[PDB]
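Using the sequences and the hints given, assemble the complete structure.
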Amino acid sequence: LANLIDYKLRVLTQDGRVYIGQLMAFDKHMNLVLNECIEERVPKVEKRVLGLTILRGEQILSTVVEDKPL
Amino acid sequence: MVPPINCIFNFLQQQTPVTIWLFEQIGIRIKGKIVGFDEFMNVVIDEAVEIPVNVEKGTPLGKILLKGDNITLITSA
Amino acid sequence: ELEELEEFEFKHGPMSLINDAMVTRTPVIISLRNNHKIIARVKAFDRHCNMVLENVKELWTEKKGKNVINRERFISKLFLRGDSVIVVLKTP
Amino acid sequence: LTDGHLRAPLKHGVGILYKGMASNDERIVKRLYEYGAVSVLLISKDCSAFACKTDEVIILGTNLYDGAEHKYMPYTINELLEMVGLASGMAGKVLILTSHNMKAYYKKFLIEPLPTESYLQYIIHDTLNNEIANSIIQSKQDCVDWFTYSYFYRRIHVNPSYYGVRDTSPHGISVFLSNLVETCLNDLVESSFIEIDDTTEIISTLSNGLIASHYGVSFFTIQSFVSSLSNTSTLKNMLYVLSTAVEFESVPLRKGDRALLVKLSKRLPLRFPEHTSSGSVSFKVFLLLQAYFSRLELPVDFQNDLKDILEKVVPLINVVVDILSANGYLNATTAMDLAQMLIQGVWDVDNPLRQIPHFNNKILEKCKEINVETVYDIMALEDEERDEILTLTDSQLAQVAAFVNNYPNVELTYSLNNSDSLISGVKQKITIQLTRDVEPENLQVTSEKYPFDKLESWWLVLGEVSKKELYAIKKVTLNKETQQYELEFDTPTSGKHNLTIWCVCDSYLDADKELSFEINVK
Amino acid sequence: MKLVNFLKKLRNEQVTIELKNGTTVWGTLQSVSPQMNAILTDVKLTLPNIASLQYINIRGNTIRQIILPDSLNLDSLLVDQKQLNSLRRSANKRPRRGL
Amino acid sequence: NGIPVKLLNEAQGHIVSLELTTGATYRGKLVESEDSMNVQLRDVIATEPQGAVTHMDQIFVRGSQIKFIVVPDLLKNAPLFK
Amino acid sequence: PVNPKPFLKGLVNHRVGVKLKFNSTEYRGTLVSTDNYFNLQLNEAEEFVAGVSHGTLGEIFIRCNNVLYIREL
Amino acid sequence: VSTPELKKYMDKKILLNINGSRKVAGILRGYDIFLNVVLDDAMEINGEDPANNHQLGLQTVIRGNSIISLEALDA
RNA sequence: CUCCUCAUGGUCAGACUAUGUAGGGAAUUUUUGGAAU
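Chains as they are written, first to last, in UniProt numbering: chain A, 12 to 54, 76 to 102; chain B, 10 to 63, 71 to 93; chain C, 17 to 108; chain D, 1624 to 1712, 1716 to 1825, 1841 to 2163; chain E, 1 to 48, 78 to 119, 138 to 146; chain F, 4 to 85; chain G, 12 to 84; chain H, 2 to 76.
The hints are simulated quantities; they were obtained by calculation from the structure and are not laboratory data.
Incorrect hints may appear among the rest.
Claimed, not checked - The calculated DSBU-like cross-link candidates involving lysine-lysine, where the alpha carbons are at most 30 Å apart (straight line), are:
| # | chain 1 | residue 1 | chain 2 | residue 2 |
| --- | --- | --- | --- | --- |
| 1 | E | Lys2 | B | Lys83 |
| 2 | C | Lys73 | E | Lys140 |
| 3 | G | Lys20 | B | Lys40 |
| 4 | C | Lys27 | D | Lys2007 |
| 5 | D | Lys1907 | E | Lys2 |
| 6 | C | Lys27 | E | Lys44 |
| 7 | D | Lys1948 | D | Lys1642 |
| 8 | A | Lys19 | E | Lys8 |
| 9 | C | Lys27 | D | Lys2090 |
| 10 | D | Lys1642 | D | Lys1729 |
| 11 | E | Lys2 | A | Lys79 |
| 12 | E | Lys140 | C | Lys27 |
| 13 | E | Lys140 | A | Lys39 |
| 14 | D | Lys2009 | G | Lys20 |
| 15 | E | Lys44 | A | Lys19 |
| 16 | E | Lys2 | C | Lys73 |
| 17 | H | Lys13 | H | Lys24 |
| 18 | E | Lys140 | D | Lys1668 |
| 19 | A | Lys19 | F | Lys9 |
| 20 | E | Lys20 | C | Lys93 |
| 21 | G | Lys32 | E | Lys20 |
| 22 | C | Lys80 | G | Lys32 |
| 23 | D | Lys1694 | E | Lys140 |
| 24 | E | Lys20 | D | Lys1642 |
| 25 | D | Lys1734 | D | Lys1907 |
| 26 | D | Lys1877 | D | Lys1668 |
Have a look at this one:
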């Protein structure tokens, strides 16, 4: 997970919503902080710019490498 | 302004009939007297009854050990 | 000493069903939370009921535009999480 | 088709031979060899005692593995000799497949004679203990004069460099020898086998050295028993203590026995103490005793090791129960139960019914059908019911009958000298009358899972349950039908004292006959 | 003992993980964390129409089950931790043997 | 403790937005954040999944019930880059 | 105090039935044993779904987490 | 185990929203490390119109694990 | 691989960091599911 640091990552939430953001840090619970994170729902449609977000590790399903770091 | 475990203990001593709201289930709630409990809030409940709200009917269950995880809201009736 | 007590409690507790399954190499059927069932032999187990199962036959129920039909498949080497277990039944 | 794989190899003209086999099957193999049906026979090392005369012999590998050593070790030149005696011609042919390091060793000591040496220097502690117990050696002078008879003595003179005695001379020998025996004596007095006091010099024997020397158990094993065994010890601990001994050095392991021990440990009643080593032969002894108590289907490899263990254990378990008696702990009861379990092969709580020879689950159920609990109810049974219960072969039925007959229903009675006059700290003699159902023709003990023969014996026990103190014990061989035995035992302190007497057989389980009585001591 | 260690053994293995949400995963395990968090590479993933992904990290609690290859040696992989525990746990008369 | 817990403690005194497991969104000034993610919030504007919006003075929600937070961009500078 | 653990210990070796949170399944059988985390083992078990007998399962293990309550029958 | 700092909410009337879209109003009385709460003058607000006074002086206990959120009615 | 605990060696006035034959990561706020339909 440390290799994934600073990367743009796609996290899939428990509810099925898709969040995309830079992975700045994690912890034991897999609580993630995501910089410049935006949300996509259906697939672009229903995309929103959230900004800096924490996500809970209990809600996270999976993460994938989206793009390279800024 | 009393801890909840002490509240449950006064239910224990008073032997008042107790109504428990379960978790994520509005349809049914369980009722009966608290004869004892543990640290996990598992409760031995005597003359317990299932109370479907959906006039209310119910099923007499006799003695029961109810697990504390179901517990949403403990009350007196 | 503590280790001994844990193994013993495991032996005489409800866990005895999955212990007996591993030692006798007997098939057991597991009702899971996905509404799927796994009849198989227990290769390994865990306190969480994590399991290594061999000769897995999983049975499920599917609904279509007519009568409900049962479906089943064979998975020879299956490893299972411990929380999906609703029930582990041991039978003849 | 016994020896489950002996079929397919032997079918193509190569036979299999190893210890532990079905004997019939082995004999068939041998007959094929003699008649020429099998031209080739593969014999395991331990079967060198079975001498099958050959025209030629091949020896494949000089290295055998033992776990205890934790590496392969080459064969004894003795084994190789017993391995070359089999072959004779038209010309005697012996192929020996060896390493380069072992070539010079075998190529010399097989063709040229074996130089003989003496290993006494290792066992001197036990040997000298034995001499002191027999009280032939009254003093240290006496022991040196006793060491004059040793093949060791002659040897240390002709080749002193082998034994580490640097000085070669009459005085040098004397000094070195006296050094050795002095070290021995310090170990014995420290371990409480003996005691030494100045007035030439006087040496006396204690309760530990008595039993150790009598049963012949080695010094080190006894010292280990002493260190581990205390009061309030459990049956598991006693069994561990039994497993840790030097007598089990002769039980072989190659890598499979140990891995299989791990796999077997799921199925066993007990669990080895965490602070000792698994690879050590002690753990294996432990699990094979477990497999003796629970009758598992053992590999034929492990059957032999079980047999070896059983050949050792009876003296050892006797020492275990007696050493606890010497330390005056009432828990010797559990040691007695364990000894019974070793003679028979069943647990105390699991079932008394399984004790009777050749019982299995189904047959036991019929006993529950007739609602029998103890074995004594089988003695009152008559022939028609027995026929209904056991449908089996005639030899097995006969052994069961012999079991029933020689297993006595014996009654425990006591007669005390004076119940009114009871003084504290005095040697109080009791006369216990014991009486037997049938007078024995011979004392043979009958058990299937314990192949070796045993004579029956008994232990008379007096102690108080709450304090966990055993006041008195004695061993008896009851040949007659009715006898009397006098326990000379010191009385406890003043006041009311519960005294419970057991009559516990060394062999047969569920023979425990008890009578409880209490006396007020002044 | 701990089956998670058995999963730790499974690096470079091609597996199909069914998940509690019903998702099917197919890929080569690069590692599994003790949390049973599984990082995989060359993964085709089917949500309940397959998406091809270079790397996928899955949180352990979401894993329903993992289907292993039939070629795997379970006898060998299952017995480790006991041997490790034994390793962590670990006089004249020495030579029963002679000359 | 968690590094994101440390950031979230830095977020105290700022205006944050919170989405709970139910889906309701609470925007307001974060008074207090415990280690367990329990948060005390002020002058909250709340948007329900149905779209209705309400105003409340003081709200405190359990950690376990929070889906996620959005915190101001000021904190992104440091010191979590290390 | 009479705790759930002693009541359950006294309930061992008796015919019981257990209603799971789903209520989709109830199990009536002899209570063989229960562990410290409160998993359940029953013998001769019978399954009652929707209050009707589904079938006779036999020796059965119930994950603790699914148990809503246990009652003596 | 950490204790929630609820002391500021003590003896204040609060509206708890709880799992299953349930809502109750009552004065905060006790709490513990577990976030389990004792409420006095508890009033259930049912989905329809009405509200029932469940515990006027007899109070009640709510499992902290079931507590979704808590609103302070007072300041 | 990660977090905690513990131990530890160091540094600062309990905290931080390297290492560990260590313990651990199923009973309310996260990883042994209230989900299923």
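Which earlier hints turn out false for this structure, listed by number in ascending order? 2, 6, 11, 12, 13, 24, 25 and 26
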